[PDB]
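Engineer: Chain by chain, the residues run as shown.
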Amino acid sequence: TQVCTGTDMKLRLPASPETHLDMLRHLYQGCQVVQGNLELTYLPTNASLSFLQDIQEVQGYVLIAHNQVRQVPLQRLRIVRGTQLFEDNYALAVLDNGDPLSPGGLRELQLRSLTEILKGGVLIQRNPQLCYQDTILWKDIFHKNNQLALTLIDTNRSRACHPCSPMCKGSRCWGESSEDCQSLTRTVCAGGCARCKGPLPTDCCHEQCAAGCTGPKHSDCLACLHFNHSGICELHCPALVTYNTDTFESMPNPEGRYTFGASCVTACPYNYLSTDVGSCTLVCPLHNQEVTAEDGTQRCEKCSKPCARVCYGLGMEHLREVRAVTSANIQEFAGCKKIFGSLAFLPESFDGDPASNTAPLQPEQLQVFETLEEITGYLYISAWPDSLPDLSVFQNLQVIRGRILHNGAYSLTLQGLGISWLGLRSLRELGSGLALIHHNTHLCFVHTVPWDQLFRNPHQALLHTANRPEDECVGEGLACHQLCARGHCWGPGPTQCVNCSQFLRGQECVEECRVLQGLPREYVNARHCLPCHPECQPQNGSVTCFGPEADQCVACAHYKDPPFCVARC
Amino acid sequence: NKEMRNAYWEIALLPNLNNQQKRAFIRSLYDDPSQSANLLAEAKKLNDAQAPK
Ligand SMILES: *[C@@H]1O[C@H](CO)[C@@H](O[C@@H]2O[C@H](CO)[C@@H](O)[C@H](O)[C@H]2NC(C)=O)[C@H](O)[C@H]1NC(C)=O
Ligand SMILES: *[C@@H]1O[C@H](CO)[C@@H](O)[C@H](O)[C@H]1NC(C)=O
Ligand SMILES: *[C@@H]1O[C@H](CO)[C@@H](O)[C@H](O)[C@H]1NC(C)=O
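As given, the protein sequences belong to chains A and B, one line each in that order. Quick note, the first sequence lines up with residues 1 to 101, 111 to 578 if you use the deposited numbering. Residue numbers for the second sequence follow the deposited numbering, beginning at 6 and rising by one.
Treat the hints as calculated values from the structure; they're not laboratory data.
Straight-line Cα separation of at most 30 Å, DSS-like style, residue types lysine-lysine; simulated pairs:
#1 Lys346/A - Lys314/A
#2 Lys153/A - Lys128/A
#3 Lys347/A - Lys7/B
#4 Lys148/A - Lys128/A
#5 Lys311/A - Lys347/A
#6 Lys346/A - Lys7/B
Take the sequences, apply the hints, and build the full model.
Structural biologist: And the structure:
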């Protein structure tokens, strides 16, 4: 996949340092367009970072902070759009990369392709080994309306810099090497030109081009200012529906497209919703209702009768601002099948808050979620009552969509918990986002889950560390039951398999049904043991009944009122 | 199926069992659900034995 979602933890320290690098790798490997922010923080001195080399565009902002590494391989980065800005100010923030009192710290920026910043400014501070930043003509990189973007640039160093290669147009470079000369694109143009590739008037770029070009065509852009319609840069995407003048009706345009990020698109990508207004979103607008197509596709549509009541999770509607699930809001989930939003359980969830007098949430109360089948956002658990050994309250939970992600990264997170197994036995999908399960000292059955089968795109993975050692779990007999197909389960015993090996009696995976023997006699159906009618007569060695009804027995225990068995005539 | 989830909550809520004990019972329950009646009584007998006095 060429496209990927960034992150959203800014200067916060990583939740799992042991996995942080590996996380980034899964996130940006081969990625070319970052929907959101590219945050690269706390990277250790010898860290291999080549997974970043394909990135050309960042929708959000770029943050390079608290790193020990000497270089960040971002030579291909062409355009940062600044859809969100760091501290609502900066499109690019390079902070505090240098040893905390041979030496480490970023040495050059080497963003030789960076020629367009649509929105926001630059902040470069406290980087003891950094060179050449004072050298760059920022106003050329800034978009025309951005000239005034604010630019706070610290220069204190702990080393002298070599001079920019004599080869550079000015004395302006992204580093020592001669490949590192800043190419100027906006300021060096013939007439009031937006972007150009050279001094000549015919070297001017197309009006729809963004960073620069290699020709006057809208098919020759280095980036699209607005939308990428299959190589062509355009103001809008070709609309979904055309009005026909010769029939006074609106038949759909076969050329119709959807606006995805900054690119036109045939249909929405996997976890996204298609709107009437022609876009791909992660949320429907007001008056709009989420509707699953007979296939699987999701869509927004207008409500015919004013939209029916719906359960809102944290981060949504009147819970937008709310941080955790507590006694104050637990009721709002009473018998919800689907939660529009997310759920977090923090320590404050479980030890209440006298300052608001919100009572500590009581284990039994967690039973409201027993019906829950779907979460559109994420699920975050950093505290869980020690009296519960697993997360079986979420036994019926099937999908976590991941349309909202904790720290813009994680769709499922379990840390510091003290549960012994998972028990999320219906969980079959993680729509998007990474999963993180760590520092749960007594936790088994992590390896036994087919994470592979649950994910949906290849930028997902399960990061895990510091749980219960695997061979410790087996010593204690905490592994998958005999009867679980392919050795996958969510926990101990035969009610925990992903797929059952033989037959199911309700939820329990069992070797044989009771066809030939056993107290209540059974018939079989789609690998499910099901009970013979109470009026049926049990058999020795032969079959007992052929279906649920009274006409399906081989003999009656009481009276025959053809074709049934009764206790009557 | 409802047989199980009740027993689970039943064991989890007994005031006088510590968590370790509650786990043992819940575990044995998940290992063989048919024993829910036997384990349930077993847990109640110990819960009453450890009643605060
Ligand atoms: C707009 O989209 C087109 C096509 O979807 C992009 O062209 C692809 O670019 C990648 C790497 O840059 C190549 O490996 C593919 O072979 C190209 N595909 C096609 C069909 O040509 C294009 O780069 C995008 N951006 C711009 C500014 O045009
Ligand atoms: C790799 O990193 C280590 C630890 O910081 C450092 O001591 C070493 O010099 C580095 N090795 C190489 C080959 O650059
Ligand atoms: C089958 O044999 C058992 C025990 O040997 C007996 O109790 C029962 O009556 C027999 N049932 C039938 C249908 O013959």
